[PDB]
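Visitor: Guided by the hints, dock chains C and E with the ligands onto chain D, whose structure is given.
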Amino acid sequence: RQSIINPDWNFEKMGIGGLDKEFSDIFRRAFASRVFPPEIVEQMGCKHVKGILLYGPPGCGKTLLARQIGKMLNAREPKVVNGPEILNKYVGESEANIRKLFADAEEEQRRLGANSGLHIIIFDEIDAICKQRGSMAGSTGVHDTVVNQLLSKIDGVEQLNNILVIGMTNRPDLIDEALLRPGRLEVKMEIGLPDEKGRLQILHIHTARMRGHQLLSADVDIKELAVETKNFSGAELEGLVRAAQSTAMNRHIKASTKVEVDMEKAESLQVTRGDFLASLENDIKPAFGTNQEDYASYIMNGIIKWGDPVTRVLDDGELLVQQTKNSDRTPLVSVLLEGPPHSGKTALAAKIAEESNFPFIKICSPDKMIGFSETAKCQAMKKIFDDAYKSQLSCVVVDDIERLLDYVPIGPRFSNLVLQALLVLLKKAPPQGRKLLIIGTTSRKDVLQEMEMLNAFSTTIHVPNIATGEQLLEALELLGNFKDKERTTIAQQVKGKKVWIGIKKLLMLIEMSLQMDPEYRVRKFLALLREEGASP
Amino acid sequence: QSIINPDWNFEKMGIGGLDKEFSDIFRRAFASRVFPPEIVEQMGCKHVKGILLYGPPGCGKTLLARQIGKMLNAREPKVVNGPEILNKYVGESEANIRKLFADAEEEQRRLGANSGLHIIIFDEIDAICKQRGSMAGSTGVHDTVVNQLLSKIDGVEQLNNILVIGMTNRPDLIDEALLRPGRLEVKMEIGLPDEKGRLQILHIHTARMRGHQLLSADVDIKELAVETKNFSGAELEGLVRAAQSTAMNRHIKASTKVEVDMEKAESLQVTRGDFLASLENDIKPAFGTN
Amino acid sequence: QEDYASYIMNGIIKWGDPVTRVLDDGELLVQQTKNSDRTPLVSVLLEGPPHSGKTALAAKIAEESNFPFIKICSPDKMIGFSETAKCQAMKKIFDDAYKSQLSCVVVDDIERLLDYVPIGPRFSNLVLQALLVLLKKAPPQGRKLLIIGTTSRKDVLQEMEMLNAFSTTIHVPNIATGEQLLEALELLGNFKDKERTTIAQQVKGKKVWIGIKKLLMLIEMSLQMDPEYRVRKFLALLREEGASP
Ligand SMILES: Nc1ncnc2c1ncn2[C@@H]1O[C@H](COP(=O)(O)OP(=O)(O)OP(=O)(O)O)[C@@H](O)[C@H]1O
Ligand SMILES: Nc1ncnc2c1ncn2[C@@H]1O[C@H](COP(=O)(O)OP(=O)(O)OP(=O)(O)O)[C@@H](O)[C@H]1O
Ligand SMILES: Nc1ncnc2c1ncn2[C@@H]1O[C@H](COP(=O)(O)OP(=O)(O)O)[C@@H](O)[C@H]1O
Ligand SMILES: Nc1ncnc2c1ncn2[C@@H]1O[C@H](COP(=O)(O)OP(=O)(O)O)[C@@H](O)[C@H]1O
Ligand SMILES: [Mg+2]
Ligand SMILES: [Mg+2]
Ligand SMILES: [Mg+2]
Ligand SMILES: [Mg+2]
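Same order as they appear, the protein sequences are chains D, C and E.
Under PDB author numbering, residue 740 is the last one in the first sequence; the count climbs by one each step, no gaps.
Under PDB author numbering, residue 495 is the last one in the second sequence; the count climbs by one each step, no gaps.
Under PDB author numbering, residue 740 is the last one in the third sequence; the count climbs by one each step, no gaps.
Any given hint could be a false lead.
To be verified - Cβ pair distances, simulated, as ranges:
hint : chain 1 : residue 1 : chain 2 : residue 2 : range
1    : D       : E715      : E       : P668      : 56 to 62 Å
2    : C       : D377      : D       : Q719      : 58 to 64 Å
3    : C       : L484      : D       : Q719      : 30 to 36 Å
4    : E       : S739      : D       : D512      : 29 to 35 Å
5    : E       : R727      : D       : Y724      : 26 to 32 Å
Hint data in this document are derived by calculation from the structure and do not stem from the laboratory.
C-beta atoms are modelled at their ideal positions from N, C-alpha and C, and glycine is treated no differently.
Chain D extracted, bound-state conformation:
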């Protein structure tokens, strides 16, 4: 008759946000048979579920779920196992430790029967003790003998109906297969990264005891925090709040002359938006995706509009991103950025990717794999691509294709494994209802044509060089060098012909010219430009 839920309970009390669906499913599949009137439940001949498994990347709220589940129930205190804490040196005592966890349940069932309370058991890092059988071929065979005892005790010749085991792991591909059949561990949830609304809920949970004491200034707005925080887990949001609080507190402490804390101004403590911004930009840093310090590294000197080609390229990129976002017949789209060397392909591709406001953005450059062999490169590319399949809509950049596969005109010599991996990965669509965009950059279009790699791409965009005196003058004017009269001379001897130079080389030539004494700078610049004279 006594209920199994505590008389005073409330979903808000526990303090977990962003996992409503997971909790609903857990409650439906686990605790639905323990709340209905006994008479109907006993008229169906159904056995209660006695197993749960939770897995996911670190910091997504698993141990919190287990702790709150344990606290919710109106049962005895759960028996927790802190990792591999059931191992002993003596022979046969490792199993005797894993067999003492079920004594009370068995005794109570044999005493009352069909009316006993629940016995909750919690396993932390189940992968520590329960692993594949036949692996870990070391010595003493203790590991293979504990899995057998656990399986035989979970369900065997003897019957138990007042137990429930919860497991948590980060590597669910190592657990034994006979421990996951329906009956041992039936419910297998999956805790993942939160969405924007989940981020808002998490932020509002951890900022509830401060607003209630006028400790938080009204200047702060939570929508901005939820927007800027991308690829953030609950732990990282809590860490950000903690860092903001710490930097707010530190202003009232004087160091370098012993530790002295002012007790007069301490009654006017406040938390400002500046503290939050500084903490965001200094200490806290996520570890899933790409960060601003990478765009700041690829787009070094910004973008300057010296001609309409830049606008044309940017508009084409905008159209492609819109198509992939809205379209549903084509979940996979590709594009190739081609042109002469020193044109500005990588910066333009990075800018196009940045201006898309996608959740997941990544850049796969060849300078992070110096000295790698073929297998290492293939594994790295596969790992980078796999994460993009676990999001909602993502973009990926593959710059300098000719370096990913080691091309050299002599021979020619290159890598076939990487070429085939690329040719296969460019035509494989992501799971149902998910969308991907790929932007590849190169400088040798004919070679790609000879490899039958130019039809795997959906389209192509051309990035040209500076090819007129007016464009050169505009670039010089925008850069901010050779001004007033010094400019006029350059115009006199340049407008009467054509030029062929990239943008990177232009900066290099300007820097080279500026090192001479003031008088011979224009002459040196003109001589350097005339040396770099060519055409298609």
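Guide: Leaving out everything else, chains C and E with the ligands in the frame of chain D:
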């Protein structure tokens, strides 16, 4: 009863050229343990329980850890020297790991929120803690140790009176699950000093000699600071030691039968010659030019 | 289910007789392997230009049959595998297929299984020999087996002397006339009313050489502009990409 020692000043620490790093460490790890208890209770925040230190060899990572340990008047630190926790019998390394946190749990249970800080220092952390599933732990102690440590730091039961410090030169074998905001938040890099840092180090090291008039006026410190470039903190000390050794060896006159000329030892002083000879002959920097 | 719903994504429409012809030939082959006595092993090769819908047609032909065992071996599952792993995977799939009274195996994109590149050219011999040996050995007495292979380069296979191991080859063409293009557009329901009228007026003449997949891509690319410019953009794309046979 603040955790801070009743007489502690940064000048007595003996560390020079690391002002910003120490300021950040103090702000992030020791700011919430000195504020009035009531305000911190109202805020409802948990303290940080992890620090990592990395950089090129010989730049002052163990000195900083030792001085931090000596700063706090709360018990004494518990040190772990390399792989000091490793046994052959099955299920004994983890038993060794579980004994480090016993007193913290016992005092937390008995007193609650009126406990004292407990420190644990892990020299060469990458000797035992490493990425799981990468190193071939045939026996299986390596993975199991990492799992035990992870489950003991942040697990079902909550602790609030511990602090763990780790020092490593290779900060990439470390597990990704141990470097998240929950477990180990503050991570710092110790790098080579600049001119002002070198001057501070040289002033710190040659302090007792100047007190006893054992330094001649011929030697200047600005020239020493300028002339030495890309010197780590462990090489200025070696230079000073070599200069002193030469100066003392000047007086001793013995080849076969040891003999000390006490008469000449009455007036001992070190000149520029010793420093120049040591610079030319003895000390060879690793990040400099030869 | 995953493979079936991932290969035949946008269904199969009827833009001309060739679809019906190919389906009928596949059904005849399935019937032949169902009730044969002297020929327990039958093979067929679907051949055509790129972007013509060969994988979808092969999967549909397999589905029309109700054989208890059906499998598709594709390179999507062998990214980064050395030739030894490829041989082992193929051997395991066929060995599993050898334990039933009826079976059907699809080998799509052969040229991506041999790791073929036209510079030299370079490929792998272990996989080629395994495939040449597995197309000729019969299953244990009283059993049947059907193998459907897909390729986009017939000449390469002919040079390696693989086109004789198969039993027959069936050709899969692409749109080659204005009537077919207009019917395909009508069955899709993308351009309608006066837009289709002007498209039909312009298309007449010059023929066309566009496959179904490329047509589906170009129809989606054009619908990202304003209503007044969609027809012109579509016509420009068709004129440029269309190329010639
Ligand atoms: N309008 C612009 N477009 C592109 N890059 C620009 C522009 N204005 C300035 N830049 C700067 O010029 C440099 C372009 O170099 P980038 O890395 O894009 O060259 P690249 O084409 O990838 O060369 P490489 O042949 O060496 O691979 C970057 O610093 C970019 O910031
Ligand atoms: N009658 C049809 N026949 C085939 N595919 C059709 C037909 N009508 C519509 N489609 C769509 O066209 C798609 C054609 O793509 P598919 O993967 O079959 O091409 P493919 O010839 O294998 O390409 P690739 O040469 O790149 O391997 C089919 O998946 C289906 O979505
Ligand atoms: N969904 C969530 N809702 C509220 N807080 C969360 C959530 N996820 C994580 N947190 C916060 O981050 C921490 C998560 O730690 P925990 O979940 O135990 O790590 P792990 O899941 O890797 O074992 C908790 O202290 C909690 O305050
Ligand atoms: N910042 C510093 N200030 C004063 N002395 C230093 C400093 N850095 C290094 N030293 C000296 O150099 C030595 C450094 O050794 P140690 O701290 O063990 O280096 P590490 O632990 O980084 O290998 C110490 O003996 C110390 O006296
Ligand atoms: Mg946990
Ligand atoms: Mg580039
Ligand atoms: Mg040391
Ligand atoms: Mg295909």
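Visitor: Hints broken by the structure, by number, lowest first?
Guide: 2 and 5
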